[PDB]
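Please take these sequences and the hints and turn them into a complete structure.
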Amino acid sequence: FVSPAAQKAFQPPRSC
Amino acid sequence: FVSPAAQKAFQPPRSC
Amino acid sequence: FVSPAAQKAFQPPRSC
Amino acid sequence: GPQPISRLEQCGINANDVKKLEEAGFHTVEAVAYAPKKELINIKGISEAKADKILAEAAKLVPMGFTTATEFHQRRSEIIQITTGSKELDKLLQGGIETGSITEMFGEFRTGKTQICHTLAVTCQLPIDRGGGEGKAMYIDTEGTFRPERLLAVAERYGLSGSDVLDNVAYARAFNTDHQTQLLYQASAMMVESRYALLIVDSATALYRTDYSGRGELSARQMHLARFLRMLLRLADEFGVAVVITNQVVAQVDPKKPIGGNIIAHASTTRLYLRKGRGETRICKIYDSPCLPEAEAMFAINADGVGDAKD
Amino acid sequence: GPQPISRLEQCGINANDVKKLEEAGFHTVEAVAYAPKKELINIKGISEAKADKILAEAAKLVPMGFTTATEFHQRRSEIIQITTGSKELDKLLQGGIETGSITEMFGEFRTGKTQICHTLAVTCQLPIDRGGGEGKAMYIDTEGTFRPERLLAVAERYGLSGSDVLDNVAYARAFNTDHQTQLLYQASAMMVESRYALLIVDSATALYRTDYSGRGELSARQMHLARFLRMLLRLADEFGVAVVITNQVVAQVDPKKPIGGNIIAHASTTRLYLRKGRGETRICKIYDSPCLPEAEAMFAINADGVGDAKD
Amino acid sequence: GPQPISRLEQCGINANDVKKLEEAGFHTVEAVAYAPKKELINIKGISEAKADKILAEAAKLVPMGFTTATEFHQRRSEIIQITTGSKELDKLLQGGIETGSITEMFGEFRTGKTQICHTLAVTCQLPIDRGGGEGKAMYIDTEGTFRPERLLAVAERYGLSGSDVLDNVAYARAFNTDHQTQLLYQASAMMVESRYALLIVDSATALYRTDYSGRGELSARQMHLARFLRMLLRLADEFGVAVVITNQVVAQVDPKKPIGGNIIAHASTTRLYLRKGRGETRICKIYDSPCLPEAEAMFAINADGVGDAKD
Ligand SMILES: Nc1ncnc2c1ncn2[C@@H]1O[C@H](COP(=O)(O)OP(=O)(O)OP(=O)(O)O)[C@@H](O)[C@H]1O
Ligand SMILES: Nc1ncnc2c1ncn2[C@@H]1O[C@H](COP(=O)(O)OP(=O)(O)OP(=O)(O)O)[C@@H](O)[C@H]1O
Ligand SMILES: Nc1ncnc2c1ncn2[C@@H]1O[C@H](COP(=O)(O)OP(=O)(O)OP(=O)(O)O)[C@@H](O)[C@H]1O
Ligand SMILES: [Ca+2]
Ligand SMILES: [Ca+2]
Ligand SMILES: [Ca+2]
Ligand SMILES: [Ca+2]
Ligand SMILES: [Ca+2]
Ligand SMILES: [Ca+2]
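Chains as they are written, first to last, in PDB author numbering: chain N, 3289 to 3304; chain O, 3289 to 3304; chain P, 3289 to 3304; chain G, 21 to 274, 283 to 339; chain F, 21 to 274, 283 to 339; chain E, 21 to 274, 283 to 339.
If you're looking for bench data, these hints aren't it; they were derived computationally from the structure. Where hints are given, some of them may not hold.
[Said to hold, decoys possible] Straight-line distance between alpha carbons at most 27 Å, and here's what the computed BS3-like set of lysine-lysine pairs gives:
| # | chain 1 | residue 1 | chain 2 | residue 2 |
| --- | --- | --- | --- | --- |
| 1 | E | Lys58 | F | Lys304 |
| 2 | G | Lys284 | F | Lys284 |
| 3 | F | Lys304 | G | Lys64 |
| 4 | G | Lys39 | F | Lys73 |
| 5 | F | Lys80 | G | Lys64 |
| 6 | F | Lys304 | F | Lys73 |
| 7 | G | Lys285 | F | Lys304 |
| 8 | G | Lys304 | F | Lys111 |
| 9 | F | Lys304 | E | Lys73 |
| 10 | E | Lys58 | F | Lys58 |
| 11 | E | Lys73 | F | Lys284 |
| 12 | G | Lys304 | F | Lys57 |
| 13 | G | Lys64 | F | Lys111 |
| 14 | N | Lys3296 | F | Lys64 |
| 15 | E | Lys73 | F | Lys64 |
| 16 | F | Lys338 | E | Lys304 |
| 17 | F | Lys284 | E | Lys284 |
| 18 | O | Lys3296 | F | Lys58 |
| 19 | G | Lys313 | F | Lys285 |
| 20 | F | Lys64 | E | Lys58 |
| 21 | E | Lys313 | F | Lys284 |
Written out as structure tokens, the structure reads:
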């Protein structure tokens, strides 16, 4: 299957 | 085969 | 081969 | 991006057939266009009449004809090259790991194959300005050596939200060679939704040494491996991701050539041979490439991922 | 824990087939899920129709798809790391011997390989609070060097009922390479009943030097060793135990590399190289690991098992 | 004791095959049980069908499965430890030379290797009350240094019929490395009839220095030595005798390590390093052992065999 978070789209990794 | 004691389940080792 | 004495069985060593 | 297969219904294809195609792995118009007539026939609810219609309609949506080297040199100059996290190593690859192609990294144990895959799985999310791919990563692992704590260590180096980076790595543990191929069909589905920029199979040939034993199973081993490597090449054309497979080695007793035989030597476009240097340094070497010259570079494994020789 | 294979009958599998599976080594649903279609075909009373049914039903019971590194970093942070009985050594391994993976300990003679396996066979029964695994131990021994009096000496150190500790160590003496593999099939049965937390094969490659003589039998030697190491990896995934194999060494006359070749170098995830220090001190060294940095520690063999350098 | 191979006929084995097995070295059911399937195939009148039958039937007669450390600690506590004729030395070995295992005694010249083997060849016949083995001795000698007058001198010390003691020592002079191995096949036959309690090969590696010359014959030298040491380990399990091999030394010019390389270092369970003390005193030292701590003792060679430092 697909995870409920793997189906989420890409997110530009915020800095830290 | 299996020993009559190897088939026994785990036992938390008591202190001494 | 085997010796005529090597084929002989064990003997408890007698005291002296 | 790639056109989703739903665009075939708007061209005169029964929406039932699209469902019969999507149950066979095809999710984009490209996947159906690049497919041979033989594959569509092998589908149950598809006949030679439909397959000729499906191929004809799909061919109209994607260019499958001649062009010029000028029009290709233009389209190629805009290709993404993901950085390896090492200035010395990227200068060897003339940019970095190239997308739209299969790259292979083989070598003895400890030579940093899994470590490069962890660095790549992070740097593929940097903005293209910083040398990345601005996409998710997909890490198929056939050994059980995927360590998330090594991704956090690299995110700290590039100053990224370690919690956000681990959300862009779709991890999957393959347990045999059949499961390893099954994961690619599910992979083609995910890449239609999100935007993955790097596919990693490490190791690509680990499970082929044991599932197929002696020489008696050699023929079946390579034909099964050839379909896998072919199915990767299809993902590299469908979605333009970067396929980076790792390979084990074997001694020649007649001094370490990679396994897989000629099936994996021809299929992969770039081959990197990783030696053991000194201490924490390693030596990568362009073993085979269409464009890059044969040369060696020296990188190292540091506490913050793969980086230049910190010496 | 792992689901027993009896749960397949409740999903539409003939209870006769489950008996035909359990006669082939499979005892958990995982063992059947992770198995390739090829292995189930090789069973007599199983056909391609049944095997496709068995694989399909079993796949529904165990996750074999993609997840996220976030969901994997969570599940991994709850993994058990068994202490080695040495504060200096655990600080090298960042916790201790990690479960769910194959660990290898090689070195010259006397370097404490068998001694570490005896300490591990005891400390794997301590509560997790004290750094153990709260499970039984399984000590396959291919040399005849299993000494129970060395387990009692370690139980006295940790204050355990020496009579109770020896009840949690399932000992088995392998006499050749075929018998060594046969013991693993019987091992998969026992781990379903009890709760074993540590598997020890010492030495894993001792019997491969003599059963397979020269180079003429080299190919068959590694293919037989590859199946063994693969069958261990399956136990590490089925039951999540900790596999700790020991390896002999060989000189290179062209200065001591471990035997087994590339087959055992790729298969094992963590390799520990044990040198001889001074007196009773020894020097372990992270030879290969996916996460741990290359570093050395100094432990010692004491009258109460492996412990820190008592100096 | 060990079951003779004739008990296989009563379980459905052709008495012709038993004769074909006994012509291959196997004389006990154990020897056939511990044997791999590969060895039985290498026999002429044996096929894969028979060998699978032979292995299956023999496995029913001898336990080859798991037990518990408790059941093993019990069975081990009743093991025989032959005295070395020295109170100071037995206190080092915690009892004496242990049966069912391979013990190695190496050192420079004159250090008393052959002298210990002569004392052991006598004290192995004392009743267990007095610390012996109540069995015959088998003294394979590859140097020509077997002196019966040294056995009489020890029999006088323990008050034994010197004429009767010399009847319990089966002496054999090996003239090359092939003959040295051939003597072990004949040795397995004798131990079925009588009751031998000690096997002595002195020196085990004397003939390997000269029969195999330079480095060009190094690989073949160790593989031939590995089979010999393996065939000794089989005798220690078949009959539970005590194998006490002696080893020469070699200087390292880069200060005296034993020869044989890693092949003999891993195979032997207990290694005793004998130095030269002062006058007639010598210094033994636990070089390697699974259970004994690293320590030194001081014995001496006296006119009545090996004894304590008479000072
Ligand atoms: N955090 C770290 N810091 C420094 N060095 C590390 C770190 N983690 C691993 N290493 C080193 O990197 C090497 C491991 O490399 P890697 O995991 O890529 O191996 P590999 O080529 O995949 O091997 P195999 O074939 O066994 O899977 C070892 O030398 C190890 O000591
Ligand atoms: N009870 C003990 N107390 C102290 N030291 C001991 C004790 N038992 C064994 N030793 C020491 O530990 C070492 C033996 O280590 P170990 O049995 O692990 O060897 P190994 O690496 O398995 O060797 P091999 O390849 O020969 O099997 C020797 O130095 C021996 O003197
Ligand atoms: N009857 C005896 N009384 C006292 N000392 C003796 C007697 N016989 C031999 N020795 C001494 O014992 C030593 C010989 O030891 P041994 O024969 O065991 O040598 P080794 O270690 O086998 O040597 P090599 O490698 O040359 O064979 C010498 O010091 C010799 O003087
Ligand atoms: Ca790896
Ligand atoms: Ca190529
Ligand atoms: Ca050992
Ligand atoms: Ca490895
Ligand atoms: Ca001598
Ligand atoms: Ca040893």
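For the pair supplied as a hint, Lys304 (chain F) and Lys73 (chain F), is the alpha-carbon distance within the 27 Å limit?
Measuring from Cα to Cα gives roughly 55 Å; hence the hint is violated.
Do the alpha carbons of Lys58 (chain E) and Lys58 (chain F) lie within 27 Å of each other, as the hint requires?
At roughly 25 Å apart (the allowed maximum being 27 Å), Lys58 (chain F) and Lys58 (chain E) satisfy the hint.
For the pair supplied as a hint, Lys285 (chain G) and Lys304 (chain F), is the alpha-carbon distance within the 27 Å limit?
Violated: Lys285 (chain G) and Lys304 (chain F) sit about 34 Å apart, past 27 Å.
27 Å Cα cutoff - pair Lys64 (chain G), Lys111 (chain F):
At roughly 59 Å apart (the allowed maximum being 27 Å), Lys111 (chain F) and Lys64 (chain G) break the hint.
Next pair to validate is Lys3296 (chain N) with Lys64 (chain F); report whether the Cα-Cα distance is within 27 Å.
45 Å, violated
Taking only the CA atoms, is the gap from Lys64 (chain F) to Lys58 (chain E) under or equal to 27 Å?
24 Å, holds
Keeping to a limit of 27 Å between CA atoms, is the pair of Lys313 (chain E) and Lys284 (chain F) held or broken?
25 Å, holds
Proposed proximity, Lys64 (chain G) with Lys304 (chain F) (alpha carbon, max 27 Å)
This hinted pair is violated, its Cα atoms lying about 66 Å apart.
Does the alpha-carbon distance linking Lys80 (chain F) and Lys64 (chain G) stay inside the 27 Å limit?
24 Å, holds
When you check the alpha-carbon spacing of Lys304 (chain F) and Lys73 (chain E), does it fall within 27 Å?
47 Å, violated
Would you check the hint for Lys284 (chain G) and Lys284 (chain F), treating anything up to 27 Å between C-alpha atoms as holding?
Given that 27 Å is the threshold and the Cα spacing comes to 18 Å, the pair holds.
CA of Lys73 (chain E) to CA of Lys284 (chain F), is that 27 Å or under?
42 Å, violated
Going down the numbered hints, you'll see the structure goes against 1, 3, 6, 7, 9, 11, 12, 13, 14, 16, 18, while the others check out.
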